[PDB]
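Presented as structure tokens, the chain that follows is alone, the form deposited in one PDB entry.
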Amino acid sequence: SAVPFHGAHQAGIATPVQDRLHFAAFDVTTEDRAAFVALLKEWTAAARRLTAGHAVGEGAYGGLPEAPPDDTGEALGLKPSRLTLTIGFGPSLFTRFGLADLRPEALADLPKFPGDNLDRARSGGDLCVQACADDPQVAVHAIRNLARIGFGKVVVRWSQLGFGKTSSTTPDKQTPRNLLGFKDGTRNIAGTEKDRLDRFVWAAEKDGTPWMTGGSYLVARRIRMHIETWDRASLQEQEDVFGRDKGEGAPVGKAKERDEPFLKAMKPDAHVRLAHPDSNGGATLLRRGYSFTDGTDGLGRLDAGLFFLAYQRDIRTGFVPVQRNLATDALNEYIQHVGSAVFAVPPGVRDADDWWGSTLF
């Protein structure tokens, strides 16, 4: 029911993927380094209470009547729900507090990509908090209360709700389907693969930025799907687009979902064939994204898609080469990237005396 908050790494990267997501990006409003470090300590203490299922501060009630409650209360009665809280620092953070020379070279600005249509209001951010849990209300309460505590030092720049499987009704041994109806996550780095995480996900000391050892680099892309167009495509177009069949998720010519793919049998611009590490010099990503449906836009269309999150040891050798290879992806007909951000995700909170960001400040 709970996931331990402390560790060499932050939880919520290699740990079991929870049902729900509330992702929030913050901009910093203070110039005062001390004030920000104070806020980071306060957030860490709150993160400890939240991930264990307790209220923030002195609780949601029973305090002084003429004081506002420390905790806004909407998670009273709920369980920890495998809540994890992962914080990241955006490139723009390093223009403040005199940190410019501490920006990791692996925290690269993303190039412009063919077909990008990025909404500036839902891109970027000085820092982020990824809140995952099986109960969406536990996740929202976490973000809500962190924002309330940071008020006057940070504001919320943009926020994204997402969902994956519903674990109570779905087996953990079952690959979830994205909103295009294809199994999603078959060939991925799993949290059990310690040496693949070491090779592809975690920052190493030798990498050139010592404060980031044990950390990772995060790319977030808000990816709209053109649902109504996709759904008018023939079953064979859809399967041609990915290089797997829809029902079982097996590579073309093979029988089972987990049969290793034969890339020659796929069309040259099939998504799997272009995304595969063999087509990208070995480049390999940990994908940990979530589906979203935000409503319907002004033309009656379903505002829905994939909130794509990738973790990698170096953005220059993970997301960027692979996304570049998707220039000609047949999937591009049906999707559009409309938001984007990158973050340095620092190492974990080692113990009760540690705090978010301690190796950097």
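Numbering follows the first chain given and starts at 1. The term rigid core refers to the maximal set of C-alpha atoms that superpose within 1.5 Å between the two forms. Only residues modelled in both forms are compared. Compared with the form deposited in another entry:
Taking the core as reference between the two forms, the lone member of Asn188, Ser167, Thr95, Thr213 whose Cα moves by 2 Å or more is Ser167. Remark: 163-172 is the one run between the two forms in which three or more consecutive shared residues have Cα displacements of 2 Å or more on core superposition.
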The other form holds:
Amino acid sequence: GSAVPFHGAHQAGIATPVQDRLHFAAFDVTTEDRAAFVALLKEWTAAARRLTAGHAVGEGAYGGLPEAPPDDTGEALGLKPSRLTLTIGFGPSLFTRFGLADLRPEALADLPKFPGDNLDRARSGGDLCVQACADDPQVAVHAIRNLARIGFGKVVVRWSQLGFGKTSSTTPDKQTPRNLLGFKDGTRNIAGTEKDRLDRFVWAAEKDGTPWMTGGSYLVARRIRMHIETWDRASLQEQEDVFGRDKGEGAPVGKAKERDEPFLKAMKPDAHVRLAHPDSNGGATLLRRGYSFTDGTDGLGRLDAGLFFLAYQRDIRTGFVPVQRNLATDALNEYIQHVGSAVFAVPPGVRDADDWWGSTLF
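Please move on to the form deposited in another entry, as the form deposited in one PDB entry is already shown.
The text that comes after this line covers the one chain and nothing more.
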């Protein structure tokens, strides 16, 4: 229930321990006034300082002038901060505005097309994003709702996604959660404590070529539908061969414990862990921070389940791209389909009560 500090060299919500619920929104900008947009970034930062501390935005949710709408919509009243983090990111399409083209980072690479892609252009892309994570979904919704409200006229919501439960871990000392295919997910991820691994694989550095990004990261979001009907009729052995780990313990094939190191040659050549593993990808390493979703039925008598996949990396070209290319022959492909996609530059942290989101860019 405690708060997660908002200030830092880095934005919270990345190396932070992974909170139970997610509300992810992508925004398009509807003002051509750079001054208006900068004032928005400052106002949103002020709201976030309140929101992540458990306080109502502006002058509160009630007790103001009767004839004016309340500053805060009020549904988080009486709730604790619940580890709320707010993480902001800039889409490639934002740099065509306010004269930012010269500032687009080289590591904000558009993704190539991948075999199997069935991307819905409505649930893809976006000028900027806010990732709201909390252990209470009312807290996460309230923050997105109130950010959008404050941005009325300057931004609209392009698309959003709710994650009802995490499928990722930055704390290997705690239990690994399972995804909706029933497998532990997050065993071999980067930990929030591994400060040297985060420096090499996650945080952008001055020398990488884009000084305003020093301290930030790069985010890939993929909405991935799961063919649970097809999966749920596969034998237990078939499911375990697809991944290279047993279902119960989550141990690499042949071994006894979830955290024993995989021996890649014992796995099938198209096994998911074998293909995604850094050793198979020239050392490429990712920080996975995704969440499960279900969005009703598919209209055909079945539940609609999937995974909202989020990966943070130091450079999209040396993180997500090579690992995803190596998955062209993944046995998991038979059961999944990518149906939404977006990349964002996540700027450095808000340094103190005078700093603001995107201040190094603007």
